[PDB]
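Undergrad: One letter stands for each residue in the lines below.
Number of protein chains: 2
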Amino acid sequence: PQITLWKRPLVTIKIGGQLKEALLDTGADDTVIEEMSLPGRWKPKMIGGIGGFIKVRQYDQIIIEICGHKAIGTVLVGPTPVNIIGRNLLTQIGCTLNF
Amino acid sequence: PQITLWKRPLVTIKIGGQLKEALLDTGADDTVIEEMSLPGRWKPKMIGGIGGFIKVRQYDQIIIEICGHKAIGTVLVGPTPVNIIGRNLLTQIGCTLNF
Ligand SMILES: NC(=O)c1ccc(S(=O)(=O)N(CCCc2ccccc2)[C@H]2CNC[C@@H]2NCc2ccc(C(F)(F)F)cc2)cc1
Ligand SMILES: [Cl-]
Ligand SMILES: [Cl-]
Ligand SMILES: [Cl-]
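Each protein sequence line maps, in turn, to chains A and B. With the first letter of the first sequence counted as 1, position 2 gets the number 2 in the authors' numbering; the numbers rise by one all the way through. With the first letter of the second sequence counted as 1, position 64 gets the number 64 in the authors' numbering; the numbers rise by one all the way through.
Source of the hints: derived by calculation from the structure; they are not laboratory data. Each hint should be verified, as a subset may be incorrect.
Note that identical chains are pooled: a pair holds if it fits in a single copy or bridges any two copies.
Straight-line C-alpha distance at most 30 Å; calculated DSSO-like pairs for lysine-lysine [said to hold, decoys possible]:
1. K70 <-> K20
2. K70 <-> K7
3. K45 <-> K55
4. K7 <-> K43
Turn these sequences into a full structure, and let the hints steer you where they fit.
TA: Following this line, the structure appears as structure tokens:
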């Protein structure tokens, strides 16, 4: 698909058996999801930007379905205002910026 | 161009006759630039980031070139981790997400 940017590029994802709405975010290095349970070990991480930093839990080797495309990678879980699909998973679905 | 996301999508912009580096950020509603001098009056704006909300200065109808493409629009000035080209100007230059 081709997604314009007149509004936020929100999509439905499936993660940990749950459906969520998430933002395709080329400015994010990492994928960041609101509080939920995920399998496996985790370690703490701090991520930041405008407004400062938040503490998140880093889970590795997590599968996410995004628009029919399955991708695996690291997912950070914490008090993010919006669910964010970052570059680490955008690459895996072959997402590019074009102009 | 077509820009992949294996690295941060950093490009050169020109604003106020000066070249700067900026991030093409589909997760940003707005364009936010580090402290600099812009012409005209400004208005107050509050934007929310990953870590919380902050105040910035809003300048309208500012001339800016992004990767060689001319745009004219709203530029916010404030304490941003990096210069951010958000959706307001990504749309002007015809930027889409594709996968
Ligand atoms: N309204 C707006 O225009 C707006 C909204 C939010 C932000 S933001 O939170 O600062 N901001 C830009 C931060 C980009 C950046 C930060 C630090 C170093 C390099 C690059 C937002 C907007 N889109 C991307 C970024 N998304 C939040 C975010 C921050 C960090 C990470 C992690 F570190 F994990 F990767 C993931 C997600 C900036 C502008
Ligand atoms: Cl990853
Ligand atoms: Cl003010
Ligand atoms: Cl604008």
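Undergrad: With identical chains treated as interchangeable, where does the CA-CA distance between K7 and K43 reach 30 Å or less: within a copy, between copies, both, or neither?
TA: between (34 Å within a copy, 23 Å between copies)
Undergrad: For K45 and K55, with the copy left unspecified, which applies at a CA distance of at most 30 Å: within, between, both, or neither?
TA: Intra 6 Å, inter 26 Å, cutoff 30 Å: intra and inter.
Undergrad: With 30 Å as the alpha-carbon cut-off, assign the pair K70 and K20 to within, between, both or neither.
TA: within (15 Å within a copy, 36 Å between copies)
Undergrad: Classify it for me, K70 with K7: is the Cα-Cα distance of at most 30 Å met within a copy, between copies, both or neither?
TA: both (24 Å within a copy, 21 Å between copies)
Against the hints set out earlier in the document, no violation occurs for any number.
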